[PDB]
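Enquirer: Spelled out from the first residue to the last, the chains are:
2 protein chains.
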Amino acid sequence: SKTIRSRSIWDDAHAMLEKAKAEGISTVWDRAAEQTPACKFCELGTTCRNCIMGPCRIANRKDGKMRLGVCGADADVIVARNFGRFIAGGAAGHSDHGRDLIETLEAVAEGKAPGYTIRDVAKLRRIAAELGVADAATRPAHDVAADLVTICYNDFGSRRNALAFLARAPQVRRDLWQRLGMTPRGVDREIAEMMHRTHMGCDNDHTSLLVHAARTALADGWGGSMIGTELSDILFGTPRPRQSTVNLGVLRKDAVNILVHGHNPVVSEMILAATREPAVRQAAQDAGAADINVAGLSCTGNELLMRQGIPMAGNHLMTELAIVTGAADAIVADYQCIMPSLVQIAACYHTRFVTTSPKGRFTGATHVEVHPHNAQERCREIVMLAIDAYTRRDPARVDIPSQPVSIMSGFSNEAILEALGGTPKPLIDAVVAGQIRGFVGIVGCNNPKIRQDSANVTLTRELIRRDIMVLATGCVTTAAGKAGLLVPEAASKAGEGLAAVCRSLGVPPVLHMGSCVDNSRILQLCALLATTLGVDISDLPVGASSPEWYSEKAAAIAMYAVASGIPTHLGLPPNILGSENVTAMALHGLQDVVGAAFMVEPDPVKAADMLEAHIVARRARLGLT
Amino acid sequence: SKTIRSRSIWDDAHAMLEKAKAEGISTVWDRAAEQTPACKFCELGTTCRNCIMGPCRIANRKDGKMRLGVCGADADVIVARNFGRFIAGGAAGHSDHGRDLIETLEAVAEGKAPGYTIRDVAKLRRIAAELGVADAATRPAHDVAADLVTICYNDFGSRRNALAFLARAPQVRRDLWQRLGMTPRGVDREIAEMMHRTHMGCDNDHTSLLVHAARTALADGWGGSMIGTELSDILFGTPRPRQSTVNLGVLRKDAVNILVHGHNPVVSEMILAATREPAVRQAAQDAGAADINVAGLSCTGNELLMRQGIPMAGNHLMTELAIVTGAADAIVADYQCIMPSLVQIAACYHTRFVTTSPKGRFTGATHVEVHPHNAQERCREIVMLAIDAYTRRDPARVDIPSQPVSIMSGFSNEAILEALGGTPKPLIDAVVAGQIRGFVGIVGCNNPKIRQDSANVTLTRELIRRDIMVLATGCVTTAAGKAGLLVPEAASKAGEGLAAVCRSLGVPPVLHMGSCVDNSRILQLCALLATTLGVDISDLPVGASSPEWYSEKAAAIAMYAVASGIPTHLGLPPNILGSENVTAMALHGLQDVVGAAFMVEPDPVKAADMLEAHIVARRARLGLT
Ligand code: SF4
Ligand code: SF4
Ligand code: FES
Ligand SMILES: [Fe+3]
Ligand SMILES: [Fe+3]
Ligand SMILES: [Mg+2]
Ligand SMILES: [Mg+2]
Ligand SMILES: [Mg+2]
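In the order they appear, the protein sequences are chains A and B.
Quick note on the numbering used here: the first sequence kicks off at 1 and runs consecutively.
Quick note on the numbering used here: the second sequence kicks off at 1 and runs consecutively.
Since the hints were derived computationally from the structure, they do not count as laboratory data.
Any given hint might turn out to be false.
The list treats identical chains as one, so a pair stands whether inside a single copy or across any two.
[As the list claims (entries may be wrong)] With a cut-off of at most 25 Å between alpha-carbon atoms, the simulated DSS-like pairs for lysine-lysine come out as follows:
no., residue 1, residue 2
1, 62, 425
2, 493, 65
3, 19, 449
4, 65, 2
5, 40, 19
6, 606, 449
7, 21, 449
8, 112, 123
9, 19, 65
10, 112, 21
11, 606, 425
12, 40, 65
13, 425, 2
14, 21, 2
15, 62, 40
16, 21, 62
17, 112, 449
18, 21, 65
Between the sequences and the hints, there should be enough to build the whole structure, so can you do that?
Expert: Below you can see the structure in the form of structure tokens.
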């Protein structure tokens with residue numbers, strides 16, 4: 001089918017799209033086609049539902065009617081409020097994610113989380129001392145853990161003037177944030193204030209609204225996401241470079257296949273541990289299987305890739321197609337980006353769809369709730385359900401379409417600094433010498449509006465050929481991986497200078513830095529380079545890009561990158577084009593305020609030119625050629 | 001004129017609607033007409049904009065097309081998520097309001113709030129002892145205040161299992177909330193979790209979404225709103241019964257008229273203090289004015305009414321018309337329900353439109369930001385701006401249309417118990433005897449869809465006639481006041497049992513209990529009666545109603561009343577009718593979850609019948625003969 005080829009660049013997607021057609025299974029692409037054309041007002045953002053004096057739409061009519069909402073709000077306020085709440089939903093997703101890590105570490109500290117431990121005691125002591133815990137280096141690890149928990153919880157309270165991790169940002173940046181009123185003070189507080197501001201008759205100034213959206217996104221990047229990342233490393237180990245594989249071919253016909261989907265490693269690590277217990281493995285063999293095979297989806301797949309090397313079956317738009325292989329015996333979900341269609345598709349097979357979080361409820365799913373005190377017991381129970389489902393798999397409907405592609409993962413900042421010999425000097429020398437011209441974090445999702453991974457891959461290829469090193473997170477990981485970009489030998493794909501540096505360090509030209517919360521690592525690394533050099537983040541030769549974004553979380557990531565000084569490309573526009581003032585603030589006005597702005601460009605080669613031009617401009621202001 | 005009489009029941013509204021039409025001033029009614037018909041999908045709730053795989057619309061078709069969103073979400077999920085975020089917006093308004101009160105009491109305890117003090121030390125010592133402050137009766141007041149501030153701030157953190165004021169609810173109700181997973185744990189936390197739940201691919205079950213909507217609302221009523229109410233009494237005095245007046249005729253031609261609009265008394269109490277300084281009054285006398293006249297709008301007006309007896313100019317739909325009088329020399333606004341059209345109407349006169357809050361920014365307004373450390377100095381500056389605006393008032397454009405009408409205000413729970421002799425027994429005895437059959441809180445807004453105050457007033461009259469005492473708060477206060485029902489002589493309008501009780505106590509049949517946050521006084525009073533009788537709130541002959549609601553805050557108030565066991569009538573439907581399952585849950589399902597449910601009924605006599613019927617059934621539950 002020509003339509004099927006138009007939907008993805010990957011062979012495995014085409015194979016499963018053909019299989020779904022022959023079986024009568026509708027996909028995300030079919031539903032997108034039904035939802036086209038979209039409502040013009042919703043698309044432009046010129047519609048409001050925030051009270052029942054409405055709902056309102058802002059139109060351009062020759063009689064001048066419908067220029068304002070019933071309360072008097074114009075298109076600038078309505079668009080800005082809609083964008084503000086959109087960002088707040090993304091920040092809330094990462095807020096709750098980090099809060100779960102705090103609760104988990106606290107349970108470990110009190111000895112009430114069987115099977116969870118402090119995997120990286122050294123990092124616990126370093127992070128705790130950094131945040132002010134007295135005698136963190138010498139006191140018993142659990143006492144230090146309880147004092148660190150208290151610090152992170154205070155960031156989720158209402159008495160701080162600035163988040164604890166904000167100290168990593170250079171002083172010039174903290175001074176500018178304070179001057180603009182952008183300093184994030186509380187992870188939950190900024191979210192709550194955004195919902196108050198967007199109520200009828202509170203914040204009715206588009207500038208002020210976008211300013212607080214930046215403060216809310218900063219409370220994510222330097223708060224919710226950074227806490228989640230750093231505590232995840234403490235509980236489950238700091239990532240280190242390791243080999244693994246990617247694509248639908250990671251599923252095995254001869255094994256029980258358990259797909260982990262969602263976001264939080266507190267569940268996926270414990271599922272993986274369950275499948276490794278000898279009695280559970282023996283139950284799989286009693287059922288006729290050779291082994292139990294865990295395969296990751298989306299960000300929780302990234303978490304297992306980074307710390308355990310678990311192969312990843314696919315990213316966002318592969319999630320339905322992974323069930324269409326007919327070889328998934330269970331999908332285990334927690335929260336965020338889990339399309340509810342997956343429940344219906346799993347019902348077309350033997351596959352069990354298991355929910356684990358009180359926040360991630362799906363009508364028709366099997367719910368086995370996981371908490372720190374019962375995780376070890378419950379995850380054992382979930383794996384036993386997958387083995388039971390395996391015995392009823394229909395072999396006639398199994399089609400695992402491809403051979404897996406080799407990848408390298410595990411590039412935390414600790415691993416990067418280890419590869420460099422303990423200091424960022426060799427990396428700074430490479431940038432000053434022009435071998436590495438700059439860095440671009442390529443982040444974010446897939447979106448049915450764009451042929452899947454076409455922009456992700458093209459942009460990655462363009463940047464490394466221009467001696468720009470790519471830091472990959474989120475669903476871009478799978479795209480870079482399937483394109484053969486995540487291995488040390490991929491230096492052959494990069495420009496002469498980047499390839500030389502990569503070969504001298506033994507690293508790939510695209511560094512997998514983890515999940516979407518792990519974009520906080522990109523913030524930490526920028527802050528480190530800026531502080532070492534004595535400049536602002538907005539002076540560094542850096543950029544960020546989400547060529548195929550879809551979610552509120554991706555928009556919050558883009559906003560905190562911009563607000564931290566990182567020019568940020570988006571493949572598609574947010575629903576803001578109904579207000580030229582808001583659009584001009586996002587694309588230009590922010591540049592004059594925070595030192596960076598949004599870019600919207602659907603052509604990935606054009607996007608490469610723009611990100612490169614920003615990097616060239618910033619190199620010149622550092623005195624570099 | 002027929003159209004004009006159709007828009008309000010009041011003479012002062014009629015006069016300003018004529019003046020507004022003659023002057024070409026666009027009102028909330030004119031814009032509501034332009035926005036009719038509304039978008040069918042928006043009004044039904046079957047539209048989603050939570051990610052850019054969409055936006056999506058759900059149609060009902062036999063062919064099954066557009067039955068699901070791009071992510072596969074159906075109408076139940078889309079409607080429930082929309083209503084969840086709607087509720088969260090209202091809870092957030094009360095959250096930030098209560099938070100501002102904590103910060104003010106802290107500044108007083110620190111000695112860093114010139115012009116503020118602990119007005120009610122006895123209540124501070126009583127609230128602090130109640131919440132667990134050690135030696136609250138003897139330790140220095142500022143030490144006790146600091147320990148209370150710590151407790152309230154902890155309820156804005158992420159470490160509690162249940163909010164501090166939740167201990168007021170009866171044990172049976174606390175046990176049900178705990179089993180349902182509905183117990184409010186953190187004011188900001190429940191708001192953030194709702195925004196997480198409503199992100200794509202998180203909570204995709206309408207029952208679970210509605211249960212957290214209840215938890216989020218309960219974090220308002222027993223958290224943000226109850227903290228706001230109790231600290232306001234501590235900082236500004238516990239209200240006690242007093243007389244005052246209402247309507248546009250409270251503005252005086254010979255005086256500088258300052259309208260306080262918005263919500264937080266932290267601003268309006270200091271505006272009033274400023275108008276009493278001898279030097280400032282001399283400046284007004286220099287300008288030709290005989291006095292400085294402060295008058296209240298909406299909830300901040302309710303606050304000044306309850307504690308200082310300051311006359312009230314109007315409620316929500318009177319706000320624009322108050323400027324149309326041509327005698328408003330300044331509007332002093334903070335946040336919530338402040339229609340931005342007021343800025344344009346102010347621009348049509350001499351009136352200064354002054355914003356005071358970093359959250360309540362309005363393009364084109366004069367911003368004089370107020371915080372505890374500078375309120376005394378800044379509020380003086382604001383009054384001077386009003387005096388200067390007075391000098392430019394055009395006498396020929398002034399039309400103050402009515403003479404003010406007498407009311408009685410200040411019925412805090414402390415005031416009610418004092419009137420009863422110290423204990424609630426005389427009220428309990430009157431209910432047992434059937435002199436008072438029950439109590440209904442009539443709360444909430446005006447809405448252009450309903451002839452202003454018509455349903456508010458008709459419901460109030462119907463209920464007292466049936467021996468049901470009415471507790472009024474919010475913008476219903478102005479309606480009851482202008483109807484002449486807020487005075488002890490209104491006993492002649494009540495049934496025989498209610499009139500005898502009111503005359504023996506010397507109180508009106510309609511008790512003004514304060515602002516929207518003071519709906520927490522109604523929760524406190526229901527909890528007291530239930531604990532005294534040893535029953536649940538869902539056993540009490542109580543009810544709640546908002547016949548003309550508009551705002552997210554009102555929907556949140558209705559939800560926390562429903563979730564606390566109080567049957568709640570709404571005059572208009574939330575945007576949920578696109579899902580029969582969500583609608584059936586709101587109107588029927590919740591009875592079997594929380595012991596109460598919503599009602600939607602635009603006929604206020606019908607609404608009285610339904611509220612009365614619930615009261616009859618609850619009297620039977622208590623064995624009353
Ligand atoms: S807040 Fe204003 S623009 Fe939005 S729905 Fe209500 S009246 Fe319309
Ligand atoms: S969350 Fe689902 S229903 Fe809502 S806009 Fe995105 S794809 Fe459409
Ligand atoms: S669906 Fe109502 S405006 Fe888009
Ligand atoms: Fe992601
Ligand atoms: Fe109100
Ligand atoms: Mg715990
Ligand atoms: Mg500021
Ligand atoms: Mg203070």
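Enquirer: Run every hint past the structure and note whether it holds.
Expert: Each hint tested on the structure:
no.: 1; hint: 62 with 425; verdict: neither (61 Å within a copy, 66 Å between copies)
no.: 2; hint: 493 with 65; verdict: neither (57 Å within a copy, 45 Å between copies)
no.: 3; hint: 19 with 449; verdict: within (21 Å within a copy, 52 Å between copies)
no.: 4; hint: 65 with 2; verdict: between (45 Å within a copy, 22 Å between copies)
no.: 5; hint: 40 with 19; verdict: neither (34 Å within a copy, 37 Å between copies)
no.: 6; hint: 606 with 449; verdict: within (18 Å within a copy, 50 Å between copies)
no.: 7; hint: 21 with 449; verdict: within (19 Å within a copy, 48 Å between copies)
no.: 8; hint: 112 with 123; verdict: within (21 Å within a copy, 40 Å between copies)
no.: 9; hint: 19 with 65; verdict: between (51 Å within a copy, 21 Å between copies)
no.: 10; hint: 112 with 21; verdict: neither (49 Å within a copy, 69 Å between copies)
no.: 11; hint: 606 with 425; verdict: neither (32 Å within a copy, 78 Å between copies)
no.: 12; hint: 40 with 65; verdict: both (17 Å within a copy, 19 Å between copies)
no.: 13; hint: 425 with 2; verdict: neither (50 Å within a copy, 80 Å between copies)
no.: 14; hint: 21 with 2; verdict: within (13 Å within a copy, 61 Å between copies)
no.: 15; hint: 62 with 40; verdict: both (18 Å within a copy, 23 Å between copies)
no.: 16; hint: 21 with 62; verdict: between (48 Å within a copy, 21 Å between copies)
no.: 17; hint: 112 with 449; verdict: neither (46 Å within a copy, 55 Å between copies)
no.: 18; hint: 21 with 65; verdict: between (47 Å within a copy, 16 Å between copies)
Checked against the numbered hints listed earlier, the structure breaks hints 1, 2, 5, 10, 11, 13 and 17; every other hint is satisfied.
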